[PDB]
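Let's have the full structure, built from the sequences with the hints guiding it.
What follows is each chain in one-letter form.
Protein chains: 2
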Amino acid sequence: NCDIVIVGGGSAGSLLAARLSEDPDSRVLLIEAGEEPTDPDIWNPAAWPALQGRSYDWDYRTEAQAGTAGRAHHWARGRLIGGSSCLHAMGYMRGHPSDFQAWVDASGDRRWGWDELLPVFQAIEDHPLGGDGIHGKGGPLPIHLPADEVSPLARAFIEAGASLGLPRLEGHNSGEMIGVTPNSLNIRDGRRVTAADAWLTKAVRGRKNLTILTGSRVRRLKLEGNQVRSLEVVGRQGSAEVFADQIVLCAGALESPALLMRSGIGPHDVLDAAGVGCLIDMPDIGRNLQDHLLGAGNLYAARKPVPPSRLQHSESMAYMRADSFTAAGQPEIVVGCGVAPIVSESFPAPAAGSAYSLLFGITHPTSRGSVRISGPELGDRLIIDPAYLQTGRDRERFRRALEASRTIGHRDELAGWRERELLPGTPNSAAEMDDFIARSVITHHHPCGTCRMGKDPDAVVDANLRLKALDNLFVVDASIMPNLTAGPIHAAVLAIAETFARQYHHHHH
Amino acid sequence: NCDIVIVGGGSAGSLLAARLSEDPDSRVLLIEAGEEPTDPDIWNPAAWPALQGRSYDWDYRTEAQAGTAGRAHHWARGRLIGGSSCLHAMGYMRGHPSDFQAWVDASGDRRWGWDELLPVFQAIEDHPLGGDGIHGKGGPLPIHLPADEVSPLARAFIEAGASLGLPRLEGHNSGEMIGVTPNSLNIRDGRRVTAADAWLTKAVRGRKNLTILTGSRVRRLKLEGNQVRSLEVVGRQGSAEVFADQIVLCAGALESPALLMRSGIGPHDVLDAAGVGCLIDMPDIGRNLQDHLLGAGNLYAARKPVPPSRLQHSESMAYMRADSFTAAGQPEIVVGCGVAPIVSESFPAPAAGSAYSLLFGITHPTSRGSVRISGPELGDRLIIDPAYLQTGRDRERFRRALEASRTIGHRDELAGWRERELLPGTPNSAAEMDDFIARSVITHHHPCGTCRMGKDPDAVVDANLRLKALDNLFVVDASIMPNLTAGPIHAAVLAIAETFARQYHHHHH
Ligand SMILES: Cc1cc2nc3c(=O)[nH]c(=O)nc-3n(C[C@H](O)[C@H](O)[C@H](O)COP(=O)(O)OP(=O)(O)OC[C@H]3O[C@@H](n4cnc5c(N)ncnc54)[C@H](O)[C@@H]3O)c2cc1C
Ligand SMILES: Cc1cc2nc3c(=O)[nH]c(=O)nc-3n(C[C@H](O)[C@H](O)[C@H](O)COP(=O)(O)OP(=O)(O)OC[C@H]3O[C@@H](n4cnc5c(N)ncnc54)[C@H](O)[C@@H]3O)c2cc1C
Numbered sequence: 017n018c019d020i021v022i023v024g025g026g027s028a029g030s031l032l033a034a035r036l037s038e039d040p041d042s043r044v045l046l047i048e049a050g051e052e053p054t055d056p057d058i059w060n061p062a063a064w065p066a067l068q069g070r071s072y073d074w075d076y077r078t079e080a081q082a083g084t085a086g087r088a089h090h091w092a093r094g095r096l097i098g099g100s101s102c103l104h105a106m107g108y109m110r111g112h113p114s115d116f117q118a119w120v121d122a123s124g125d126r127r128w129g130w131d132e133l134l135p136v137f138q139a140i141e142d143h144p145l146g147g148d149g150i151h152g153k154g155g156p157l158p159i160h161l162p163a164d165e166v167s168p169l170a171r172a173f174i175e176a177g178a179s180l181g182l183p184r185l186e187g188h189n190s191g192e193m194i195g196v197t198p199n200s201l202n203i204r205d206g207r208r209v210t211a212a213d214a215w216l217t218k219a220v221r222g223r224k225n226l227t228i229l230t231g232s233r234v235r236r237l238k239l240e241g242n243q244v245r246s247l248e249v250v251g252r253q254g255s256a257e258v259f260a261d262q263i264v265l266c267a268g269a270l271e272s273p274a275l276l277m278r279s280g281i282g283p284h285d286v287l288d289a290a291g292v293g294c295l296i297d298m299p300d301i302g303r304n305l306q307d308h309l310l311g312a313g314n315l316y317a318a319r320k321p322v323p324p325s326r327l328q329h330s331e332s333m334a335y336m337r338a339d340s341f342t343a344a345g346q347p348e349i350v351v352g353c354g355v356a357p358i359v360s361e362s363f364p365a366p367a368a369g370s371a372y373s374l375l376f377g378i379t380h381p382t383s384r385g386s387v388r389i390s391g392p393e394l395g396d397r398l399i400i401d402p403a404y405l406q407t408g409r410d411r412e413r414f415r416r417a418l419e420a421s422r423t424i425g426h427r428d429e430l431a432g433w434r435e436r437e438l439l440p441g442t443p444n445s446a447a448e449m450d451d452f453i454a455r456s457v458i459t460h461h462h463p464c465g466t467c468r469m470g471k472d473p474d475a476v477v478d479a480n481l482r483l484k485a486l487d488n489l490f491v492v493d494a495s496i497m498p499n500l501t502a503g504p505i506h507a508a509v510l511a512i513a514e515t516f517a518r519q520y521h522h523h524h525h
Numbered sequence: 017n018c019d020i021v022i023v024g025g026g027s028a029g030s031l032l033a034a035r036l037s038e039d040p041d042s043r044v045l046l047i048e049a050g051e052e053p054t055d056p057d058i059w060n061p062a063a064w065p066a067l068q069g070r071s072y073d074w075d076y077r078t079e080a081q082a083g084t085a086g087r088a089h090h091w092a093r094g095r096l097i098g099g100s101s102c103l104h105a106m107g108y109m110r111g112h113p114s115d116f117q118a119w120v121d122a123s124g125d126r127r128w129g130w131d132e133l134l135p136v137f138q139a140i141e142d143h144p145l146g147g148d149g150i151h152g153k154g155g156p157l158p159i160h161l162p163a164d165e166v167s168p169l170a171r172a173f174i175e176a177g178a179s180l181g182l183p184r185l186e187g188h189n190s191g192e193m194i195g196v197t198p199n200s201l202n203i204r205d206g207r208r209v210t211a212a213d214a215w216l217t218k219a220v221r222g223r224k225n226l227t228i229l230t231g232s233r234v235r236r237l238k239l240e241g242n243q244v245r246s247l248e249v250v251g252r253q254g255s256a257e258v259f260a261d262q263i264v265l266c267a268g269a270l271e272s273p274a275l276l277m278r279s280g281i282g283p284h285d286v287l288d289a290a291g292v293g294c295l296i297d298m299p300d301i302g303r304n305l306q307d308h309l310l311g312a313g314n315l316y317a318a319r320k321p322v323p324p325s326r327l328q329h330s331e332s333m334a335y336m337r338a339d340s341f342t343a344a345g346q347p348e349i350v351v352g353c354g355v356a357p358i359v360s361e362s363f364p365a366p367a368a369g370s371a372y373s374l375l376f377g378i379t380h381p382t383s384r385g386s387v388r389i390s391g392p393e394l395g396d397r398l399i400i401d402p403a404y405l406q407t408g409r410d411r412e413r414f415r416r417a418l419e420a421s422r423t424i425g426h427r428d429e430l431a432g433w434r435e436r437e438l439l440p441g442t443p444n445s446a447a448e449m450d451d452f453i454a455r456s457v458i459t460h461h462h463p464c465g466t467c468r469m470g471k472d473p474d475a476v477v478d479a480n481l482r483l484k485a486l487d488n489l490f491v492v493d494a495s496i497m498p499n500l501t502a503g504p505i506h507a508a509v510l511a512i513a514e515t516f517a518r519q520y521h522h523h524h525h
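Chains A and A' supply the protein sequences, listed in that same order. A prime marks a further copy of an entry chain.
Residue numbers for the first sequence follow the authors' numbering, beginning at 17 and rising by one.
Residue numbers for the second sequence follow the authors' numbering, beginning at 17 and rising by one.
Calculated from the structure, these hints are not laboratory results.
Even for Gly, the Cβ is constructed at its ideal location relative to N, Cα and C.
It is possible that part of the hints are untrue.
Unchecked claim - The calculated DSBU-like cross-link candidates involving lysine-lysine, where the alpha carbons are at most 35 Å apart (straight line), are:
no., chain 1, residue 1, chain 2, residue 2
1, A, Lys-471, A, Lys-484
2, A, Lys-218, A', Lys-471
3, A, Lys-320, A', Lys-484
4, A', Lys-153, A', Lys-238
5, A', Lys-238, A, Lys-320
6, A, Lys-238, A, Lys-224
7, A', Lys-218, A, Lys-320
8, A', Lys-224, A', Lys-484
9, A, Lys-224, A, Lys-153
10, A', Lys-320, A, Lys-320
Stated by the list, open to error - Derived list of chain A' stretches under chain A, where covered just means 3 residues or more per stretch with a C-beta under 8 Å from a C-beta of chain A:
no., segment
11, 39–52
12, 515–523
Stated by the list, open to error - Label pairs and their computed distance ranges (CB to CB):
no., chain 1, residue 1, chain 2, residue 2, range
13, A', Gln-117, A, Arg-171, 30 to 36 Å
14, A, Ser-71, A', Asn-17, 50 to 56 Å
15, A', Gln-117, A, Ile-150, 53 to 59 Å
16, A', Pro-473, A, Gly-369, 35 to 41 Å
17, A', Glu-240, A, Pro-135, 54 to 60 Å
18, A, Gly-369, A', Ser-71, 36 to 42 Å
19, A, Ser-71, A', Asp-164, 33 to 39 Å
20, A, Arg-518, A', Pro-473, 39 to 45 Å
21, A, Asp-41, A', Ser-340, 47 to 53 Å
Structure follows, in structure tokens:
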């Protein structure tokens, strides 16, 4: 019998399959819904917005969002070995130490603090500042600090921000995140590196104690007593039952609580509505959904042609406080330089090369949404409501983000690039700004929180990532995050899986 | 002062004048030796062999070639806006990915690899397969895939090759070059399209920051310190001095190293012999000259009249390995179907309509020749020795090419066209084959390599196309190619200029 089954071979799942199978005494099975990657374009960094909407994208549609001008949103997730890492903008941001302090407060466990995560991040990273005592050296995930390849537009953006008082950082990962810098990227020798590339190497896949099962979707967990006894797996040509001593869920922010709910584990009323028998009433499963938004966008017509970028198109995020460009601390808002004229569907697209967008957002939304299954079946669509822009705090912070973006946008340092502002123009009121923001915001693609880790009775998992009501079931992916990190969450997801991997090797047999 | 002077308005120069002047902050001067095109016949695709030997052709004469039965050869180059593109057989072949791999090995820079050149080619091309993720869409250079206009002879040729195992391709540009297909052509609405037509549009020529100076020959570059300070330009009614911050050489495979040598930059001994003072001893300038040859030809008497072709007369190149019609990979030899009885001057011409030639060649000659000035003046003839057929490898490969041609030529699929083989007949020995090949080969018109890009100390330019000994001087044309591509080199030349154009917009002010 396999000692451990991992469900979902995305970011967290790939790390786990590799790290757990390092113990030759433990048999590991990885079950992944998608196929093995065959698309060449996904290893081309500049083709990243061009692969969602394709075969290996799950492509969800949220409920209409009252906070975003009644707009419904498309959430793209990866369905292949590598998960969302094969689709991602490949930016690497650990987050800010204060982001993780709130995890310690929520979990009651210092292992989720910056100080304890430091060696964890280090184990993950192969970073050119390795030796720092801060950044990792020799880890499987390459971190690349762009310098020469940074587009001239992005450099002018960086100068604009620096001149307002933002300090110059080397990447966002030293523990200091407020400031001005090119985003660090998971790139090596010009080619993007996925979590699957980094951990699921030829050598790893060759291990006898590791089995990878692709094209295979886990439909239900089967319970006996206080334990998961088996998994029903649906494959191309039939379903089958897999037995395991320990089960780790890595299906991501949407698919993990979905699998739980299909299995009879979740809010009783939701399960009833979906026609699923309730075996374990867990009211928080699917709740506390969080995501970052980006206003698309503070659009500027360009004085000269904008090139299609030597990198990943969103080259530089400037995190900052909402009220000052000089103040330090935990970020509150962000403005990013987009070397593509990125706009939501509420706006006509400008001819390519003719314009660029400053993207603006808030780093720690207080809005909280939910996901729920609509039926027992795999193909029954999830009901996703991220509750975008529902709180006054989120709306107000968003106004400051927009203002900050326009302030950076109109700097002399960008006068070589800027012909004029196309969007928003000049709103005369909070109402008009709110309306522009509502029409412009799009997902930053960081859903998380739906199986929240916490020390309170109704949290979904405890500090050890164990589902509270059962004894051999863990959730180890974005779904457990008590709160969003300031920026992109891939690194935090990887850190979650690595601390779980360590915890596992630490206690078992 | 002009920020940039471009020398030579041929293929590379036209692209550069257009692309660089897109930055309205940079003043661009294009200096072209020829006049503006006035000859109507050069926009008639079937008149292409009829315009060389005319007013706007430079018409060089090589040294007698010991490897080609002591024959001297005529090299025709364009002298007009558009350069060699106004004279060309208008075939479009990117080359094979392995061709460019050797550029990466020579330059030490991945930007010269197929993967990096892919978007470059894409930016250039307006191709009916655009959307591919391979072929370009919307670019200034139209690529036409002939179908209905392909002559019946060429179709029979294609069938002949297909029946031996060659796969059917749609053009040569997907990354797969071995196989059978009509050549793709730079044609739109029946009319040929030059590089000048494509990039130097009315709108482009109307820009205030672009000056085009025709009838003007650059005689010398003037040096101060490690920089070019000015150019001596010779016009119809006198000479004059032009100042510039940056100088880009686009004078082509012969005229670029010539201008360098006249300027005191080149092999010290060669400059002495030509009576030019040596300011910078650069031994490789003028060396590593490469060119493709075509045997003219494997001549067949026709069973019925051969029409003067609805296209460009050489409609179909079949690239292949030398030892098998079924093997894939990088080409080694080529056989092309000529809907004209093309023969070298060593053979009497057959009456028009009475015969056709299969043209045969090797794709990657290992022979290396040289160009050198014979004096300081513009009208002092270049000494050109391409060293045709000097290596045993080139001679041996050529025998396989001839054999392949005769094998295709005698196929049942061509029995409707073939009356009998006129040339070579049947040689009984390697010696007799070598002699026939030596008398029959003519230039394919792809000279290149004379200012070779490389990472070694004595290369002429570095990976960035900057002349190694100076700080503001670039060479951006066929002269920089480390090696020939498998087929015609226009696309590669255009790719060279486009990656330079991108590199320029990327770093300056
Ligand atoms: C377009 C896009 C761009 C992004 N860019 C960035 C970025 O630039 N920087 C950053 O930090 N983050 C980025 N992210 C977010 C980051 O990629 C994700 O947060 C991270 O990959 C989450 O990892 P995960 O393990 O929680 O889930 P995933 O990586 O999504 O993995 C879940 C896996 O489980 C599989 N699965 C799901 N259900 C089942 C089932 N029932 N049975 C079997 N298998 C199943 C899925 O097919 C998938 O492989 C981006 C996300 C997207 C969509
Ligand atoms: C007859 C013929 C047919 C061809 N057919 C094909 C084909 O079918 N497919 C293909 O891919 N390739 C073909 N080629 C090759 C292709 O045309 C050339 O390789 C390509 O045009 C090279 O471009 P270039 O910029 O390096 O030089 P060119 O296009 O030759 O441009 C050089 C320019 O510099 C100018 N110049 C030179 N010296 C000076 C000076 N000192 N001062 C000012 N100006 C100067 C010249 O007048 C000319 O305009 C053909 C070539 C020929 C001759």
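Quick rundown of the hints versus the structure:
no.	hint	verdict
1	A:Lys-471 / A:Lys-484	10 Å, holds
2	A:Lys-218 / A':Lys-471	33 Å, holds
3	A:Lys-320 / A':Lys-484	31 Å, holds
4	A':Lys-153 / A':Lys-238	42 Å, violated
5	A':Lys-238 / A:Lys-320	32 Å, holds
6	A:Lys-238 / A:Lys-224	27 Å, holds
7	A':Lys-218 / A:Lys-320	19 Å, holds
8	A':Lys-224 / A':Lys-484	32 Å, holds
9	A:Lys-224 / A:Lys-153	28 Å, holds
10	A':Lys-320 / A:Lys-320	58 Å, violated
11	39–52	holds (count 3)
12	515–523	holds (count 4)
13	A':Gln-117 / A:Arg-171: 30 to 36 Å	32 Å, holds
14	A:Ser-71 / A':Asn-17: 50 to 56 Å	55 Å, holds
15	A':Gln-117 / A:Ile-150: 53 to 59 Å	39 Å, violated
16	A':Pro-473 / A:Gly-369: 35 to 41 Å	39 Å, holds
17	A':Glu-240 / A:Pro-135: 54 to 60 Å	57 Å, holds
18	A:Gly-369 / A':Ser-71: 36 to 42 Å	39 Å, holds
19	A:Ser-71 / A':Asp-164: 33 to 39 Å	35 Å, holds
20	A:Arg-518 / A':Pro-473: 39 to 45 Å	51 Å, violated
21	A:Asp-41 / A':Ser-340: 47 to 53 Å	52 Å, holds
The structure fails hints 4, 10, 15, 20 (numbered hints given earlier, in ascending order).
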